[PDB]
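All protein chains but one are shown in place.
As written, the chain order gives the labels A, B, C and D, with residue 1 at the start of each chain.
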Amino acid sequence: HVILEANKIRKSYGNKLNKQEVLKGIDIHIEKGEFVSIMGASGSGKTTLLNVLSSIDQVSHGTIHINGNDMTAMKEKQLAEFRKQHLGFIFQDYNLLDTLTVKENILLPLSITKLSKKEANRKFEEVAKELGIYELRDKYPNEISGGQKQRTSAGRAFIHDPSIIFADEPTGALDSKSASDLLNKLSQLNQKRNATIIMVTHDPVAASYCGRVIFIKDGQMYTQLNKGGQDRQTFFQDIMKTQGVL
Amino acid sequence: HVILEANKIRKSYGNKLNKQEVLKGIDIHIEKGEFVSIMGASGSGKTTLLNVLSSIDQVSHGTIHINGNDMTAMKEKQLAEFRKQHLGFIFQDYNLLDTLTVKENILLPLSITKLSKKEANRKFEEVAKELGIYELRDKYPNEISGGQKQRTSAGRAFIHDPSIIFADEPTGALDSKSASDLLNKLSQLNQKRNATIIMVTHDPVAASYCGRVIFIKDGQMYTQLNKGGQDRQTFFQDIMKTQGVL
Amino acid sequence: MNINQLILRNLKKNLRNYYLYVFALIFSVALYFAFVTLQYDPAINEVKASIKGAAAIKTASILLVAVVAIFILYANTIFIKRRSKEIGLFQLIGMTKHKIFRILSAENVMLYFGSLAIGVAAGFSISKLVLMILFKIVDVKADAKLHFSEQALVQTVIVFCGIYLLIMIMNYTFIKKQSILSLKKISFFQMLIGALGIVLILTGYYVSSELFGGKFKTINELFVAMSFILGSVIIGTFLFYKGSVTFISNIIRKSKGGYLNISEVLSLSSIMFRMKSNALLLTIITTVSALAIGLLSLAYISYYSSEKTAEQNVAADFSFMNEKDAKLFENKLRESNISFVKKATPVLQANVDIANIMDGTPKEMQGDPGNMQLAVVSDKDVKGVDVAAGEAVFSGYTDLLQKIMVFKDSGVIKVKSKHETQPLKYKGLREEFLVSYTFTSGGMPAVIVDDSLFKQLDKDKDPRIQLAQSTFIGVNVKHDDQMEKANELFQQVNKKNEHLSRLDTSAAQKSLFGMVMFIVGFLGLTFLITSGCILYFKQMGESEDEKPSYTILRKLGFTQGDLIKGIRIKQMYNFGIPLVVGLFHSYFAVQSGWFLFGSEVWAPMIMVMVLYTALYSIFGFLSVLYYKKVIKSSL
Amino acid sequence: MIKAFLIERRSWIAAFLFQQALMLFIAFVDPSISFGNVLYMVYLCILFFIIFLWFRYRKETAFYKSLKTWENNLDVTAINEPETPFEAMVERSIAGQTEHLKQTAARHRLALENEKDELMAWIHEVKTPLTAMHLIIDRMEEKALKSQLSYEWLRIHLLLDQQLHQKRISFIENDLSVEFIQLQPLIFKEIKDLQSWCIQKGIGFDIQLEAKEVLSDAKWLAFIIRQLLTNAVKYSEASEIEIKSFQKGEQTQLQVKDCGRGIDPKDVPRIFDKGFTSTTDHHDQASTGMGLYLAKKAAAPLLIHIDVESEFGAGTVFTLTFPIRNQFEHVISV
Partner (left out) sequence: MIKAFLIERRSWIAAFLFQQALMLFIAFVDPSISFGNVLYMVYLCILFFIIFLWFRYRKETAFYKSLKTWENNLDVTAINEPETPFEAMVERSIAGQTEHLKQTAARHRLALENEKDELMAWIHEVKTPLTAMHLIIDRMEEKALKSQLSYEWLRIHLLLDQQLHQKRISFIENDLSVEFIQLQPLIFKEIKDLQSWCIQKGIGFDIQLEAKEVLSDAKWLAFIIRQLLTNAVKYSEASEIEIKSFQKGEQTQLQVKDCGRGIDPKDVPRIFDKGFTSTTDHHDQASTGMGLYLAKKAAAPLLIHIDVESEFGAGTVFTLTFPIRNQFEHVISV
């Protein structure tokens, strides 16, 4: 429970003469298995929060605890091992190796675990069938559509079965149809295997698929919403109006 | 009048097996002294549109008429010269050279015409007083705040008396106070002297200051609004409702 | 999949930008193998000199290995810098630092050993022209043959394996200091530092000018000046390269009231904020280049001043000491049938005083004032010079002795005998020595007097050390007709070679100075090329570090001609400053160095300077081309 | 390509190798030049020559390879910037000999879309007054002249709707939609749209369906059931239309049973060819007949499969097919 926890995390940039503080007292209690999101205007300290929560950066003051462990008092080797074992990543821009086909490019993170090839084979088989990109196994990533490349990047983050998945805004390069399809498949993968996808977006209809929208203004959270039993449309209305309030 | 004229602008990316079209029949009519904002989304054709009307990229099909001149006729060098001598640019990110003072940085584009020293100094002083950064005249761009750098970039844009000023979400890397300050400075500069501004954005708060809002959807514009005579709050609520319709 | 397949594809589709790397490796390997196989070749000993011949090459290799190692270390950046986003992505996926290091090291080993294999074959192809040049310099012509000398291959393999073992550490450090990534005004102290550097350079040059101008004419007034000049010049150039260019650029930068265009911004900003970045390297390059040029000039002067020095040591055409051996030579030259003008010229050690002929300080007294072992001769042997009574003329120039021992221009020669004194005046001039160097020790100028004075001095018979034989047995030869045969017969008669010869002694100096000149020239050329290339590498790196200011400044529409004009000006300044500094240091280092020796030459300096200029011009042009290529693909 | 480069540069290679051969041959016969010591010189010269040839080939074979790459495929811009004097020649010649064709094609295409836009605006400006005329004619009380005028109006506005849908066909590439729809409200409203013809010709309708699921567009399916039903009632006279759907296998046969004349078996295969029109009836000139051909050309992208069983004296059987719930994923894949 509460697979992610934070207490008064604070971060400031600049040195000596120039100093700015963009994170001022953030307290988050994201719960296991919830397709949580973060919403707010650009330049309000979103990607900095994502970096801090993932131990990519370091805190000026604050403690973040995941699965009973602590993050602020560990060394680089064990931090990297934990990042491998209990984390999965997606970012706005796809990062695919054009030297390899989609097949081994997806299978790369699982090819170094000293495992039989057949297990990885049907693991990729299941992942591709769920993501519906099975047919392009033997094609280079220089001859496929952008949405397919993005879904390949997303499926890379799911093969090694991470306990907690992070993401940046994943619909900044896709089309409307492809964005809707990708969000639908992410929602479907939410409840098949229990993974806490923590998106970070600034788009209302993008966050309409979530269920724990949490706002932010300039470095301090404001509100909190829940899906309840709404049908993905009245929730969009409520979210977008409460955005218009600010 | 009719400074920017477009007729079914078409633009596509890629070749052979991964060819995608992003601009599909776009028509633009911009009058003198306006303040136009093309609201879109994350995956719509905004940056490509700014590139193609600003003669940075090239349109697959269509014709443009900026100030009554055929833009799609000159090959490269006339395009570069015309772009330098008649268009001003503001961007979302790094615009200032790291190894120049503010004064030299925003007096650089005037050096081509060789307007002596005294009148260049007077024009720089007059412009820098309006944006309120005239005190920061001998500091380096690594010793000032982000909003001050944005004001410096705007001052560089406005100094050399352009015809059309192309912006691209100037307030996408600031906090709310500096955002409002920069937008108010832009509006005051537009009011004092006729300076057309054609910026793209994805935030209704930033576009409420404008006099006309065009909504784009997957490279196909749709619906328009006119500020007319209501105050900022009512126009912002109208943009609220119109964006909520989609 | 298999990581080996990944490495193979990475190498296959990455081996298109790594050409300068392979070329530098090939060049280094070829030069080192050529030098080492020149060493271990058994035909080198055909030379004849005091040194072993193969002894110097060990020290030369010790000096060369450091240079080639530094060159390869500064070339490794080309391979290592580009791998940043790949390392960040690999860390993002999960693979740790050690796996990334091993993956990169596999390709590094493949490229390195391929280039090493190619280099050995290329060196053996050219390892005969070097030997031909060496034989041409020392003038010993027997043959020229091509041999492999496996020991040279073993030494090269060991040295370069060690160098790669050293490179691995730099690779590991660069991989260490990487993360996930995103896959200043002038104080008053700088004014003082710049002014201090400039003034020390100026005063060092000035005090160097006074030294060989004629002052400091005493032994204890020379070492202090040498040490002070050396230290002042080194510290002055170091201060010049770390604060005297920023100071001298700020004046022009502030002269224009904050109003620049593209050319001035590029050139001035780049120079002002980048020259100060690296300061230790430029000092090393300039100082070492000046020292090498000066040393080569000294070696050339010493080599070319061989015939005259040999003629000075060998008083006659051929020299003898043993009277029995002289009589034997007289017997066996009858079959030679050569006009011999052998004279039993008698010489006595007659003492005079030159203490009063000191034009400097009275404290210079020089052993015995009036009981020296000076040599006198009568007028029957030498008739060329006509000197009246009460006058004398010194015979000898002695540059190595002139550097310290200087006679007064009008110093009357007060001959401090036991009782008498003969004042002497300087009218004529002579340089004909009638004695060999073995009897003059440090070198006493020849003195010619009348027969009566010679008789009086010899009948005085002062109890002073006397030469073993008085009447020097030295024979002259007729017109040059039978030189070589005379040389081999004289060589075969003095099987113990306790005697002295002209054509034999006039070759050891030539051989020794030829070896010195060869070593110095080879090392200097290698170092000069390497130093010229290092700056090109630095400029390529700085070009790669300044692309977003070309992505911008081109959207505003500055075309490419303006940018390339600015780059040409920047490269001109950046390659012109160190060249001029090195030229001035070299000119004031070579100048001091024939004053100690004899007359000026002016012959090789022009050639060395024009080569110096040409290579830097070539490197600057290549840097400009690289900058153009980088700018073109920006927008 | 290497062979071509060696062929073009053959003269220089010949000159160099001829000079080297003359070297060797002259050195062989004169004792003043030891023949054994000239092979070294020739070896060095040939090594330098081969290295220089490699560099010069690498530099030279770029532009003429780019031109051959741009031979026929695409990318008129693929021509690289010239750097040699003789390269600044081919590029300028190409530009001078292609700008005419470029401008002509651009002007003609521009005129094309301008014409289409004007036509579409025309058609809407037509649609409005006809709507006003319908709004006013929905108040009149006669019977026979009512039937005549109403039937003429129905024909007129269905022709205008067909023209609007053809102008839509002109850019149908951007209106694809797939969702679950039911047949009952569609059939109800479209029967409301087809009353006066049934009243005039005494043609009844009977509905008894099994499967109501359709998985395709909405407006195109409306117009395609218009095509089929209007064609049937044009081929059926005084017949109770037994519009029925049976789930026969994977396809639901929307069998429109009519006891009218039908279509003769001899002319069954031609009922869907280029612009087919029933030549038996003279008034069918008013009907475009383009409707069948446009239905044929636009039926492919929207996944509606047609089946026909036509007989004379028994009527014509029609059928459209709908896909399975595990089919609307090939539309993104295959």
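Everything below uses one rule, namely that contacts are C-beta pairs under 8 Å (C-beta built on N, C-alpha and C of every residue); 3 or more make two chains touch, one makes a residue touch a chain.
Undergrad: Sort through D:98, D:184, D:195 or D:327 and give me the one touching the missing partner chain.
TA: Per the contact definition at the top, the residue touching the missing chain is D:98.
Undergrad: Where does chain D touch the missing chain, residue by residue?
TA: With respect to the unshown chain, the touching residues of chain D are 4, 7-8, 11-12, 15-16, 19, 22-23, 26, 30, 32-34, 37-38, 40-41, 44-45, 48-49, 52, 56, 64, 67-68, 70-72, 76, 84-86, 89-90, 92-94, 96-98, 101-102, 104-105, 108-109, 111-112, 115, 118-119, 122, 125-126, 129-130, 132-133, 136-137, 139-140, 145, 148-149, 152, 155-156, 159, 163, 285-286, 288, 290.
Undergrad: When the complex is taken as a whole, what residues of chain C touch the one chain not shown?
TA: Contacting residues on chain C, toward the hidden partner: 129, 132-133, 136, 141, 144.
Just so we're on the same page, only the chains that are shown with their structure count from here on.
Undergrad: Please work out the Cα centroid separation of chain B and chain D, and write it as a whole number of Å.
TA: 39
Undergrad: Averaged over CA atoms, how far is the centre of chain A from the centre of chain B? Could you give it in whole Å?
TA: From the centre of chain A to the centre of chain B is 32 Å.
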